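Form deposited in one PDB entry, single chain, as structure tokens, below.
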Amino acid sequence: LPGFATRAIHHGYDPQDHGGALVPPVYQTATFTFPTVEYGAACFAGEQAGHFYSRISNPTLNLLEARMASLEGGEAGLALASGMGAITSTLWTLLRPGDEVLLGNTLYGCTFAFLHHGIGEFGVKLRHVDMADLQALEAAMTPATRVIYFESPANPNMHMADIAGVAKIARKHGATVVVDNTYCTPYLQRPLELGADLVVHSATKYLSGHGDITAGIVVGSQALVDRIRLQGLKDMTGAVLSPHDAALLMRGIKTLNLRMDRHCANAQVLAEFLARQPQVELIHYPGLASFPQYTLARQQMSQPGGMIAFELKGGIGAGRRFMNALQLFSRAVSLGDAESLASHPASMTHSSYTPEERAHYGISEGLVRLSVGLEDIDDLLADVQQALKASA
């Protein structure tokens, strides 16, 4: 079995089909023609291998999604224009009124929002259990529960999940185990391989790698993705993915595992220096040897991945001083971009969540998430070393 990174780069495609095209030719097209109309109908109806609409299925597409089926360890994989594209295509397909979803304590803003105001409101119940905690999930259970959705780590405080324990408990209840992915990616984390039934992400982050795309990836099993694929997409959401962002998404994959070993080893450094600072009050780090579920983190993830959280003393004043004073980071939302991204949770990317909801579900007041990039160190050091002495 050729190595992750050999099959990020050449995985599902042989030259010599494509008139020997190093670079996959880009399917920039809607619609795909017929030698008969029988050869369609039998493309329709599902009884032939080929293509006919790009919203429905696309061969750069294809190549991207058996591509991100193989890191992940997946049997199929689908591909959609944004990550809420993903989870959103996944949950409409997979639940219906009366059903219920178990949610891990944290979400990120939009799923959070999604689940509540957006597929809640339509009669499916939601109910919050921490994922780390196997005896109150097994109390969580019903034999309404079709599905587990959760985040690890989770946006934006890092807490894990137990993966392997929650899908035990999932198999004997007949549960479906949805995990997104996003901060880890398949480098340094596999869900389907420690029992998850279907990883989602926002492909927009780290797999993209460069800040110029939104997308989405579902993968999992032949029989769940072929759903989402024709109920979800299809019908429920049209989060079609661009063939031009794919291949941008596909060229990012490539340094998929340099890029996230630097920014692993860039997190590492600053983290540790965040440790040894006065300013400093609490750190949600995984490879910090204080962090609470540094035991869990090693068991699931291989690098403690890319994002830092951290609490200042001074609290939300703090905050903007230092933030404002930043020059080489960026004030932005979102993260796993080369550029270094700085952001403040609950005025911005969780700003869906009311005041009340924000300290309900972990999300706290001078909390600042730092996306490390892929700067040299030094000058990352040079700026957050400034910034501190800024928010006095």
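Whichever C-alpha set is largest while still superposing within 1.5 Å between the two forms counts as the rigid core. Residue numbers count along the first chain shown, from 1. First, how it differs from the form deposited in another entry.
- Note: rigid core superposed between the two forms; among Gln28, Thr31, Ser351, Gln327, the CA shift is 2 Å or more only at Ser351.
Next up, the form deposited in another entry. The previous block was the form deposited in one PDB entry.
Lone chain follows.
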């Protein structure tokens, strides 16, 4: 079985099948024609091998999908126009009115919004549970529970879930487990190997790695993916990935291993640096020994990731001053880009919220999140250094 890097570069493509082309040709075409109409008849049912549109079986998209399936250890993959494309397409197909879905304590903000103000407003029961608490999860299960969905690590405190534990319970009650694995990528964590049924990504982040495309991936069993493809994507979302964007994603995946290696190595030095500084109240980085769940993190993740969360003494005040003083880090909401990014949700995303109710969302007053990029650590250290001084 060839290694991860090899697969990320080569899996599902032999140059001999496309006129010797070393890089697969991009199928920037909206539709495909048939040799006969009897060949056309077959395509819509399924029993002849081939393809019928860009919204289903484009070969550029098929290669992306297969390759992501191999990296995550799944049978099947699906490419979509965004991470929200992947999440919505998945949940829209697996759920109907009367079904219940269990969720991690905290979710990505647009995932939250979709559940509460979207699919939850169409008669689907929403329930929140701490997914490191196996006992509380078992007490939450009802006979209507069709889907369990969470992130691990989850934003913003890097809260881990016991994926193998959750999956064991879910397998008892006939529930489907869906893990958003955006933060780790398959290089660092493979939740399908710990017993999850489906994984979903915002490929916009680390997989692409260059902040230039928006894209989502679903990986899991052939049977779950076929359904999500033919119902969620085809009928209910229309979140079709451009073959141009899919080829840029495959391009980015070719350096995934190296990029994540650098993200992690930079993030550790920065996290260890933050630990020794007097402006920092507390840190959430999985590779510090003081991280509450350092044990579980190491069982699931092979390295501690590129994301650092920390809190500043001075709260909201010290955050604004820290963020505005950064000259190399950019002030922005994304993650997993080559460029280093900083976010202080109290004064950026959630300055439309009040301090009195802010703590209901698990958001500390002075919490600043850092996506550590690929820049020289010395320059990133110096930029962080002077911004901590400007926050006092």
